[PDB]
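> Here are the chains, one letter per residue:
4 protein chains.
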Amino acid sequence: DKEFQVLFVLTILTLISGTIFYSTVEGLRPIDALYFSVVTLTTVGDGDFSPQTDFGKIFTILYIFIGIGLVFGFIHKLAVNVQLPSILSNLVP
Amino acid sequence: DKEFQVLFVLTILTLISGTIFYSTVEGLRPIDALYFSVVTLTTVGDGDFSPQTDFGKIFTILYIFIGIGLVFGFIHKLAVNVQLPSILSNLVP
Amino acid sequence: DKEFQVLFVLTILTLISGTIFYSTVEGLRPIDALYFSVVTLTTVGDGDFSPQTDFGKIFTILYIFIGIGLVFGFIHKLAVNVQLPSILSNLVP
Amino acid sequence: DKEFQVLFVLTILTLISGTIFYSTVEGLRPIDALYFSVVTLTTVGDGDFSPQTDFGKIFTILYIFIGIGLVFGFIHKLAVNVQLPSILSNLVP
Ligand SMILES: [K+]
Ligand SMILES: [K+]
Ligand SMILES: [K+]
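Residue numbers (the deposited numbering), protein chains in the order written: chain U, 21 to 113; chain G, 21 to 113; chain F, 21 to 113; chain S, 21 to 113.
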């Protein structure tokens, strides 16, 4: 319960950092900087864009390292203790 | 047995939601909307396309979150209790 | 020991199927069809290309499902019981 | 403690090998070769570029195999025993 809330806020602040960086350093639109931030951390990736400034490239490097860990954690638990009991509850005869 | 069937139907409805959204909001061909839906959730990604409407971008965001969890689950078990005993059965002398 | 060899041959036959399909249906060069096959299953993805025939798109769909499971398994164990004792052996004082 | 340092240096040497290969064989700028090396191993991928020489393609193949294992290991533990106690320490009332 209080672990989803935590790993949620840490993901919010993580995504906030990226949206400000890319919307500032790389010149993306806020919504675009958010998307890029989301697709890189979940490792989906963006097919239409890549960081054009060496600054953006180095940030993205450290960003991926500090991020892939905590972003997927929220993906695991967002299901494990949230999406799961919700789907178990629909099965029960 | 009845867990593969479940995580299968939840993946069907998940993929259905995406195919309708992208084929409607982003204007992709049904088969294309399906592909995009599949490559984003398995995190492979699409190199030829990215959501062009801010609507599609936000949907994809929430879509990736609610999806990467249950899609890989079907990938894990589709093997664990299906692909595996099938390959163990071919080894037995 | 005999588990790396197995998950290795299953990955060989998996990669072989893809290289023939893409080099035939999509018209890629053998080496290119192999690369695409490798980057899609490890979920890295290809930024320069996507299946252009609906046949290639549907194959890739089923291909990703039957594949991401067994390809990463070889990635896990290729390290766990191969890359690891090799690196533990270099540490020992 | 001494396991983060290890999996860190193995990732440094891994990333070094790639940066030299791509900056030499594919003709990327050092910083670009590094980025590509990072995005392929974490499976994020690059949307703006793909290996253009068959040499680069085959290297990338073996590179992804020997790499995805040890790179994510550093991602797991970089959090587990580093990012985690750091975040647990901020919660304590
Ligand atoms: K990925
Ligand atoms: K990717
Ligand atoms: K592209």
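To be clear, the hints were calculated from the coordinates, so they are not data collected in a lab. Hints may contain errors.
Copies of the same chain look alike in the list, so a pair counts if it fits in one copy or across any two.
[As the list claims (entries may be wrong)] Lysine-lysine pairs mimicking DSS-like chemistry, simulated, CA-CA at most 25 Å apart: (1) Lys97 <-> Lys22; (2) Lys77 <-> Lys22; (3) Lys77 <-> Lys97.
> Hint by hint, which ones does this structure get wrong, listed from lowest number up?
The structure conflicts with hint 2 only, although it agrees with all the remaining ones.
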